[PDB]
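Next up is one chain by itself, shown in structure tokens, the form solved without its partner chain.
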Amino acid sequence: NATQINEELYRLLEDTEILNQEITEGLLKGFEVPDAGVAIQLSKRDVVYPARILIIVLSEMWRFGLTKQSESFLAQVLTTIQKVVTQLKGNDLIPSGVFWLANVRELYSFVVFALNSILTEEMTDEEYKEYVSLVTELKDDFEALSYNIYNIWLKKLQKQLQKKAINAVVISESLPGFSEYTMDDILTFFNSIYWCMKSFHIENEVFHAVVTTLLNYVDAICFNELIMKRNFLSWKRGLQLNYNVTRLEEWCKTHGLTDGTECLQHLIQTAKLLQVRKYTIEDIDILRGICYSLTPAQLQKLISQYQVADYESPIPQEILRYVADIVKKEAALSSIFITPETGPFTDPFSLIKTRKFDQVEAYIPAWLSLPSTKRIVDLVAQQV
């Protein structure tokens, strides 16, 4: 009976005390991410199950005109999701962050869809006014949420790289003995971003933005460490740096990026500088063309700090003064560090068309224990 289903639905939805607690503590804070990787085939419903559940609840509240209940519910949802992303850390950081990006994108896409449906197809006409106004604000709130959690997450990713990439790129020996975190750890990290985004059906533009931002970041912070080191830069260190950096560049090539080489140019060009001949004037003129991303002052620091090995010819004084003169020259034509980009960053989701919404069957997973929420979804499902 439609009326009995409607009455029961109505009482479930007006009882926001019980419902908000279920949603915020059980569904949102209690989220479980599905597995990601090469042999994994996830349906979209396994990835965005929290968003789809929220969408069912939300729309039922609107259908019954529980506009005040929806506002209460939504404020809790917005706060909780942002809070959840703020608390992400450790091994879970990449999959949980991508998970929440997917879900907030699904929510935002729904609201965009609902707003267009309201304006196009659709009890006081002044209540309708307040309604359009509510959904419009909700669209802005989810846009802000997406931006916020994208930036919160991306900053946490940068810090994990500040922690690992410097040791892996600059310090760890690709050739042990030649001269904690290794390039393998760095590759694992970027692979995890790749496979979580792939498996969780994330739009490729977003993958491009995230990884380009992080590669530029690795480039800046590792370069800055390298250029301060005064008893370290040498041919051997250059060969090892080459092997570390090339591995990251080759990963970029097989994982959809064509601009990875451009993001790593300061590291790549430093490795070259550390390896090529630095003995004649022409050597230096050639080196300048190879190192087109390095300033003369940077060339000078790197060259003047270069450490010759036993049986290796010293860099001649003639060449050191040539370089110093190129620096004093270009100075007379009016930092050595690269400023790391720390944001905030444009939300790459905001640049692409939203998910066109096809109405999907009411579904709520099995490990969940959400009595009211599950009854709502079951009752909605019965009306179909």
The other form holds:
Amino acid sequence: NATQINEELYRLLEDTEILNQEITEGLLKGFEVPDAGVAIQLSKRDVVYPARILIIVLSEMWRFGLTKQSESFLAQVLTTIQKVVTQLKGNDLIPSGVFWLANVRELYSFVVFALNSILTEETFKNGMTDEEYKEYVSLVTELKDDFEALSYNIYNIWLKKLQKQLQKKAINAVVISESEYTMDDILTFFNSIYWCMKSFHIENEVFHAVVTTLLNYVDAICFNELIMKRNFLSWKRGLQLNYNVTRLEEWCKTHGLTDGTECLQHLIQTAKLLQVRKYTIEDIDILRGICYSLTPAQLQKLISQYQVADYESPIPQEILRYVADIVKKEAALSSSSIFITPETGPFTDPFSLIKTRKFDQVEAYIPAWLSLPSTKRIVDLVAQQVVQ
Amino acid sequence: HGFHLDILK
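Now that you have shown the form solved without its partner chain, what about the form solved in complex with its partner chain?
First the chain shown before, then all remaining chains and molecules of the complex.
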């Protein structure tokens, strides 16, 4: 029976015209991201299930020496996976994006395991031609580079898209909102990201990396809106701003993030400036110390646009002259903008800074709701063969 | 000859 079993596998694998059609349409594009909440609990088997499938298929293609097929098979997988991430828009941006980051990482872990195996284990080098060995080692290595170049790509594509969703909500909910977007919408945006990376068994270093990136962006785009705002920067406004940023701080605190304050300093020190005393020269000196992230050209621009209330007394010309006096000295040392250039990419892939998932044997599994005739037949065949 | 890995349970 083992003869007939192996024979059926070959015919299924050799025809990468049917298989490429099933994978791309049914598995990669026909992907169904499970509910991204810890209402229901997801095991790893339900998160990286397409990756586990693509591994089994690729493993058999490598076992029957179908190098010609496995090459064209994966060369479409990469193109299709990246095609999906780029086409991601709307309410699926966060859960689907994370979903593929987990799979690409799962796929990348296997190729690392394969390449590490073929170079360390001699049974491979001893059991094949010097030509064949130099072909596989070059085949798997090229594949590994393509996979880390895929994770790096789909991360930036996804992260640049996250920043686009924020900017629509971030500015209006931080600069304008006062306790049409609110801080509740912003914190909901982060709650979504948090729950996704927890439900999909994502390493918490990636979660730290994503939030850190987004926080510095919100810090930048909101500050650049404030420093151009005129007849707007009042004491009451500065107090309202501090509360909004406080809610962001308290969210980071309660969600395993300790560097959130460091990412929001430009907003924090802006709020502090709009509240602290600015009457005498003595006050400005203390102000320069508190606002250590700001520059004299920024302090001058922020102070001069301060909204003095009906009752409040304006800032003396003696102070303004003293501030501009400091700006004079600062500019001479550099022998020059007031805005903060937001980090819009390219970004370093956080997954590339964590050890690859130590690959262990995979359970032959495929969801019942999926409709992949040839692909399922393969997995079922290897299951019987393993027992034999 | 091929390239055989042991990856299933």
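Here, rigid core means the biggest group of C-alpha atoms that superpose within 1.5 Å across both forms. Residues that one form lacks are left out of the comparison. Positions refer to the first chain, counted from 1.
A.B. asks: Rigid core as reference, CA moved 2 Å or more between the two forms - which of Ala36, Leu28, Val47, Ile53?
C.D. replies: Result of the comparison: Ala36.
A.B. asks: I need the CA movement of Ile326 between the two forms once the rigid core is aligned, reported in Å.
C.D. replies: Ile326 is displaced by 1.4 Å at its C-alpha.
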